[PDB]
Amino acid sequence: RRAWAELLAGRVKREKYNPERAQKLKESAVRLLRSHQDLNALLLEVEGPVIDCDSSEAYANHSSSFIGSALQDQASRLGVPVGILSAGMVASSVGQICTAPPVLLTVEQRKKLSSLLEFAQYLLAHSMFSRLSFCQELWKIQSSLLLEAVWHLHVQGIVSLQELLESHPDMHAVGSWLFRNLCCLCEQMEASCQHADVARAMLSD
Amino acid sequence: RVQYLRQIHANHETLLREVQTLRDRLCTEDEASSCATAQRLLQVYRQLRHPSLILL
Amino acid sequence: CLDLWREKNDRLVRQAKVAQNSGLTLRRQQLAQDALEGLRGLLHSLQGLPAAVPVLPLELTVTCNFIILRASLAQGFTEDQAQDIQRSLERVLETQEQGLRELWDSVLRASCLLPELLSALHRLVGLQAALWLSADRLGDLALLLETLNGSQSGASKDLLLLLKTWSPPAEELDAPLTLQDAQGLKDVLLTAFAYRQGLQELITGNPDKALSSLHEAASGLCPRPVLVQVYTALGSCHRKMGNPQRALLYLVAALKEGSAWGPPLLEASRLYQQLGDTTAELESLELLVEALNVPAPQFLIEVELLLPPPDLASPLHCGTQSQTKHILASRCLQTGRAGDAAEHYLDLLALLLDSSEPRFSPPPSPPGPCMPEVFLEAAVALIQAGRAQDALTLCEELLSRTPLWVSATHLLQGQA
Numbered sequence: 019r020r021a022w023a024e025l026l027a028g029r030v031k032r033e034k035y036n037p038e039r040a041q042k043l044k045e046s047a048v049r050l051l052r053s054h055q056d057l058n059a060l061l062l063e064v065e066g067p077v078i079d080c081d082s083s084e085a086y087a088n089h090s091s092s093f094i095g096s097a098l099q100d101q102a103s104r105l106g107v108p109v110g111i112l113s114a115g116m117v118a119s120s121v122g123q124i125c126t127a128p134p135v136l137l138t139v140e141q142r143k144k145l146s147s148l149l150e151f152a153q154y155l156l157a158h159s160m161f162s163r164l165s166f167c168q169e170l171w172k173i174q175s176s177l178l179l180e181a182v183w184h185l186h187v188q189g190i191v192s193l194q195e196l197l198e199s200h201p202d203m204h205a206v207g208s209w210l211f212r213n214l215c216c217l218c219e220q221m222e223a224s225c226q227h228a229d230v231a232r233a234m235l236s237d
Numbered sequence: 826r827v828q829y830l831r832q833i834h835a836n837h838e839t840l841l842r843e844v845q846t847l848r849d850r851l852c853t854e855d856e857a858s859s860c861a862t863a864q865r866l867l868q869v870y871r872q873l874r875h876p877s878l879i880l881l
Numbered sequence: 012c013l014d015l016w017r018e019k020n021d022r023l024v025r026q027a028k029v030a031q032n033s034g035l036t037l038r039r040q041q042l043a044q045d046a047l048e049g050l051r052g053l054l055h056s057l058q059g060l061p062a063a064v065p066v067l068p069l070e071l072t073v074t075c076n077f078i079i080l081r082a083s084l085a086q087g088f089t090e091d092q093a094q095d096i097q098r099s100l101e102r103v104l105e106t107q115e116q117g118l119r120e121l122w123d124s125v126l127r128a129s130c131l132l133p134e135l136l137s138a139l140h141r142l143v144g145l146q147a148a149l150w151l152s153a154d155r156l157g158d159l160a161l162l163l164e165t166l167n168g169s170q171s172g173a174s175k176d177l178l179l180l181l182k183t184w185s186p187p188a189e190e191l192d193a194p195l196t197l198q199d200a201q202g203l204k205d206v207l208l209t210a211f212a213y214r215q216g217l218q219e220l221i222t223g224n225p226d227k228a229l230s231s232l233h234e235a236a237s238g239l240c241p242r243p244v245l246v247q248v249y250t251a252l253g254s255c256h257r258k259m260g261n262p263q264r265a266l267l268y269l270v271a272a273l274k275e276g277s278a279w280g281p282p283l284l285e286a287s288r289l290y291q292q293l294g295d296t297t298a299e300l301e302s303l304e305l306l307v308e309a310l311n312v313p318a319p320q321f322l323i324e325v326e327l328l329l330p331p332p333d334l335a336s337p338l339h340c341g342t343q344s345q346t347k348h349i350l351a352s353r354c355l356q357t358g359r360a361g362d363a364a365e366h367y368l369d370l371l372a373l374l375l376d377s378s379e380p381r382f383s384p385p386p387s388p389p390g391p392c393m394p395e396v397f398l399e400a401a402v403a404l405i406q407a408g409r410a411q412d413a414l415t416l417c418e419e420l421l422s423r424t449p450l451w452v453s454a455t456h457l458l459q460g461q462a
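Residue numbers (UniProt numbering), protein chains in the order written: chain A, 19 to 67, 77 to 128, 134 to 237; chain B, 826 to 881; chain C, 12 to 107, 115 to 313, 318 to 424, 449 to 462.
Just so you know, these hints were derived from the structure itself, not from any lab. Wrong hints could be hidden among the right ones.
The following residues of chain C were derived to be distant from chain A, with all beta-carbon distances above 12 Å [as the list claims (entries may be wrong)]:
{"id": "1", "residue": "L13"}
{"id": "2", "residue": "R22"}
{"id": "3", "residue": "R25"}
{"id": "4", "residue": "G87"}
{"id": "5", "residue": "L118"}
{"id": "6", "residue": "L131"}
{"id": "7", "residue": "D158"}
{"id": "8", "residue": "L161"}
{"id": "9", "residue": "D226"}
{"id": "10", "residue": "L329"}
{"id": "11", "residue": "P331"}
{"id": "12", "residue": "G358"}
{"id": "13", "residue": "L373"}
{"id": "14", "residue": "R381"}
{"id": "15", "residue": "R409"}
{"id": "16", "residue": "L416"}
Below, in silico cross-link-like pairs of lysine-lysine (BS3-like), each with a Cα-Cα straight-line distance of 25 Å or less [stated by the list, open to error]:
{"id": "17", "chain 1": "A", "residue 1": "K172", "chain 2": "A", "residue 2": "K144"}
{"id": "18", "chain 1": "C", "residue 1": "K227", "chain 2": "C", "residue 2": "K258"}
{"id": "19", "chain 1": "A", "residue 1": "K44", "chain 2": "A", "residue 2": "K31"}
{"id": "20", "chain 1": "A", "residue 1": "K42", "chain 2": "A", "residue 2": "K31"}
{"id": "21", "chain 1": "C", "residue 1": "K258", "chain 2": "C", "residue 2": "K182"}
{"id": "22", "chain 1": "C", "residue 1": "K274", "chain 2": "A", "residue 2": "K42"}
{"id": "23", "chain 1": "C", "residue 1": "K258", "chain 2": "C", "residue 2": "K274"}
{"id": "24", "chain 1": "C", "residue 1": "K227", "chain 2": "A", "residue 2": "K34"}
{"id": "25", "chain 1": "A", "residue 1": "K44", "chain 2": "C", "residue 2": "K274"}
Just so you have them, the derived chain C footprint on chain A, three or more residues with Cβ under 8 Å [claimed, not checked]:
{"id": "26", "region": "25–34"}
{"id": "27", "region": "38–45"}
C-beta atoms are modelled at their ideal positions from N, C-alpha and C, and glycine is treated no differently.
Extracted from the complex, chain A is given alone in its bound form:
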């Protein structure tokens, strides 16, 4: 009977549901089905065996309107909304640039980054960009990234730090990643007064 009393559980019986909790459930479910979606994989599925190079067809031109119609063509084939393609491709090209060689990156990396971001702004203007998909696809990278890159995103007005840091699953991972990066930074901004300007700007930001 002590046995029984120790078994007798409580939050077992549940009843009525709020139709807001229904949408919250469907929302966290849709969020999950896209988080474990990848676009690279999708492209390799439908089309048999992705870069700006892939869509634009072996360095044809670098014109914004051209590349927009390419993403329309791609999304038409795949039946995915053009926003997320654009996000994934831009994030893949971010990974590329940031990997090819510590905090800052201030030669030619900056130039590629600025030309790519110049196209991100065109994409946003024409409504061919999901911010949220993009933030998810960056946290999928989460190691390649430099704090300079994220500050360029912030200041160029493509994400806000608040929209990024509040779209990562594990808040502690973000915290520790930043903690290490900011420790390396405040060790830096002593290497030169030129790099210290950019570092001090983003630190104050």
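Got chain A; can you put chains B and C on it based on the hints?
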């Protein structure tokens, strides 16, 4: 002064990030493009139009 | 007098449509079962006349309205409707014997004599075929429609092409009313047969042939509960082929458009199992557990009449909160989140044993493991957690209530 200009900037950026999330939901066909979207934006419109462009 | 009977039909059909549009749950069925008896009495009055060539296009109209309204309210068919149709056709013939198949042969040659009531006959064919397509008589159905069109269409043993070849012979010109017409039922035929063909090929292991007919489902009427289920079905096709990123498409569409997003989250659980994304899988099923807590008819043949109740083998099978909470706790325990699994097991077991006052949870089918197996799985979970006194309580309780499971009981009692 400064207090009043920062009051305005923060009041705007809250709306702006809210609109931006709203734009992406319209990109992902998340919400709807029936309406309540429209009726939401005609609530933002009215918020702003009351003291539009105090000129000093 | 045809005018009077005609008037009555008109009146009561309009009264039924009024109940369909307006009305509360009780008042709807009140006016409906009123119109029903109106049509019964009318049937009997006309069934009291010999033949009457001019009456038949009305009688058949009436029987059709009767059956529809009958079957719509029953939310299901019967054999009295077969006998109703039996009677109607026999009457058709006795103007100018064996069983429905030879009757229809003689009937449709009797219609190639060209009495202008084909509008009605073709509607009868629709209804007959709905009985035969509720009752798995697809061989006889295709035979009927082969007879209807040219028998040169002898080798087209596929239905989905014969149903489209079948042409309603009018826009249903100024005759008595109907609750539904030839095209409006053809459109239900094609979608119902497509859905059925698809589910059989899927479970039978052709997640290749499914895709054709499951696209023919959405292309023609798909009431949005029919689309939700067509999309889970296509998620299942692609998951079985090993194409997870396509399956995810159709499943997100089903989440969005649906009010019952259990069967898709189940399909997602199975996807993450196939891959190994055990955290994603567990979180998908957690959401499904939450989702199965949360929860209309027309005086007209819809499609959800001509669909079967799903097998256990279907991707559309969904149990109860208890059946799923065990799946979650089992799938948690095997993975090694024993604490979470044990908590889930305890909150499963309380739901079955403490439940005298509330609604009693249903058992998860005959194939599902017996009660004592479940006490044992719970005790294993408890052990894995390190909740040994709780496992002892479990085992004491089992033996107080009441072979292999007894020996095992003592075993887990020891491990505790």
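Compare the structure with the hints numbered earlier in the document and write down the numbers of the violated ones, lowest to highest. 13, 14, 15, 16, 21 and 24
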